[PDB]
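First, one chain by itself: the form deposited without its partner chain, in structure tokens.
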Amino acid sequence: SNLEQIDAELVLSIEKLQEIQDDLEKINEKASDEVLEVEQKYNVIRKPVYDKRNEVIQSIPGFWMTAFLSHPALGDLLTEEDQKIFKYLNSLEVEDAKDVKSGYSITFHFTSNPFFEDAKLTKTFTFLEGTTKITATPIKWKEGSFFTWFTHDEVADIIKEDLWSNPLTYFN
């Protein structure tokens, strides 16, 4: 009687619920794709602004080193010899992957210097299951430390979200 109908309804309702979650999964995937496309679009928009900013910074001889040193979290990470190398740092760069979700890289651009041969040291973060893999430029030291960073990465997030976003508020 009523018990059989409730029983049958219960079996049916579990299946319909699996259908509803499948619908919700596809809706959540469309929405997070759409949020991602907005961020991809605005990385396009910001790119020439970051370029102009890099151009202006060429006129301020120790800008990036100075902003990095004035940042409360980052500044105390430069041992005194690190700061002599940082004298040759002339540009920092952060770029998301084209699709955003799959990572980004951080690059320290170095002028010609006696410590190492590289013009740039890059640390890359790839991740697309929650996990992430890191790669870094193996430093081509010359014959004659914060630089251990080039091998849960809080220095990366500070650089990416604070210093890279507005280094001027630490420079000022």
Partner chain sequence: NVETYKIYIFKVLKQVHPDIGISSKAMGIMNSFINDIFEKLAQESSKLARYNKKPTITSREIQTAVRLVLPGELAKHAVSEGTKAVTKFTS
The other form holds:
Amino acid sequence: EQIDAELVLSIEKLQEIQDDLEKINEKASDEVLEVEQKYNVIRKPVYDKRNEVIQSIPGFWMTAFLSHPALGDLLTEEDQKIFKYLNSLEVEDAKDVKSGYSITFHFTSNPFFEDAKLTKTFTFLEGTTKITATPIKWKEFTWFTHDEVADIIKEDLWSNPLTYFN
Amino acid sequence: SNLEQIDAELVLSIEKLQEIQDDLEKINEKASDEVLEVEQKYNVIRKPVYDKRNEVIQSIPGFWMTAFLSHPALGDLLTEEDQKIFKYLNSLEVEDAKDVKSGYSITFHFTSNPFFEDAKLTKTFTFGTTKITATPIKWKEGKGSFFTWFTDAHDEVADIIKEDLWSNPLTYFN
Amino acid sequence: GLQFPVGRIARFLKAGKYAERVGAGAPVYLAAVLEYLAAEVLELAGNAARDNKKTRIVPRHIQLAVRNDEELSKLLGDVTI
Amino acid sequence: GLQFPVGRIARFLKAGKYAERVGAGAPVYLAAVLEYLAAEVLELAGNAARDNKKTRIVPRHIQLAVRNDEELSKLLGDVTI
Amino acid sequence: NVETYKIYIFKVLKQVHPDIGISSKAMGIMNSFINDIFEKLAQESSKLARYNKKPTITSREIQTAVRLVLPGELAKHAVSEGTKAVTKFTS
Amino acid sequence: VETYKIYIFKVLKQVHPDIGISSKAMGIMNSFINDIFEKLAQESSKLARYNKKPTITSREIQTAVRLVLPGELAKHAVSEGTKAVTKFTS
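Output block for the form deposited with its partner chain bound, input the form deposited without its partner chain:
Now the full complex is given, and it begins with the chain already shown.
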């Protein structure tokens, strides 16, 4: 029975190796997320110098949103007027990039709603997530408490809105 | 008037936005490049561990066989003839291209049997665009599935071998 | 007093994988050169406005501005509207 | 000739986030210590296995081997089975 | 690839010939030229910097030298100062 | 949690070569060594931060070689010196 014992030694050695791979993949995918965070810093002041230069282009956020293959059709005419006051859109991964992010929507003088935003924040760490969204202050949008819309705003439009605008 | 001022700054601003977007592409190139540098550094750390695992599994007869079978998704793609061949299935190997982006092979190493010639059924995926390449199933002289998979042809078989089984096969085995 | 974007050029050189390292003086020297050449095609293709008694510089005005100056032809080659 | 794994323990200190740096004195030094603390709780637990008249150590053998020696009950504790 | 130098074409036009404009395809032919020279120059310069095997001292090297040689906060200040001098010389 | 079970087994085969060990029993010895390592590590980790003096490790000797030596000499210089340290560090 020289290889009854030596067959367990082999199966636990194998357990050692899957033990240490889980460590090396954690360093690796940790160094990966140090790089994500580095670049969010680098991107912020450029995203900020974009938002500001966009303020001197008249219909940019509305024109962009609409022009999009996906996002365009959902906006109905009532939304679209309010959307003519849609001076900015603001995506930003929160500082600990892995946790979450928020999709603010800026606005200006318009009677229907006095709210100065319509954010839709997120936090996840991946089996369980969550969504806390601005309550709509209709003065004197079927979104706000899987998700496809938030993805296409974070990853596609926010990324490059000018592609759609043309 | 001021009306001239704004029509110019509309011309100016619209290109300063085409710059910002032109120059954000070069910033994402430079960032997603350092991520592949990370993925490279690590394929290099893991090659010696993924090796000494090969070594260890040679001292467990029919490990990968039982692992393959014990997976829910890879388990019920076979039938009887496949399983007899699988007695002689004494190794697996899933190594990436030396630049991670290009691709990866998936080589089913083998041992002696009157059921085919080759000592490895390789299948590589080369990218930049996508194209499959495979080893020909040199059925032995008495002519004779999972081995349909070795066409030279959006592939759920590999996205389970490289991302579950090869990652940690010991979990399935138990 | 360079109009051309010293910073933006330093990126074009590095992100273009021309070399892996770029001295601070290189995009500055390249910046002034690209501008000097601009000042030359602009001097001339804006003088092709006065010769042609026009002011909006069009695909045309440049083309005759290049073929008249010897060097600027051999550099930029033939020009077609 | 140490039995215990210097490299694997070196990694456990780094990944453990106990310190980002380690001089290879420590994993060696620490490995030697976990080897001696096993080579006590075995030279005792294994004696226990010949008291209760066996050659297969089990929780009852380790519990008795610990609690009887003073130092190892202070170190380890009750050993509830 | 093609970059926009168009902002900085305009800004040059308004020096040599203040009172003269330029049509859309006329600017898209000035740009077409600066992009053609940038390649010719960078690609050439890339052959020149790859011929040469002699190592260069840039600011990256000086800045690392500050950290290794200077102690602690002296060093963090020194880097701020050096980085601020080079950034001003580039602007 | 972590596996020292290959070495707990291997030590057992020198003090009492004549005796095996169960699963609940190994699993309790394996828990013992985990428990000690954790107490020792958390202690060394405070005692590292207490005595914050600058320290020369192989890390630094490596980079010093890379910095001080010419291109080809350094490559061997390192390899030789990495062997020296990996020798019984496993």
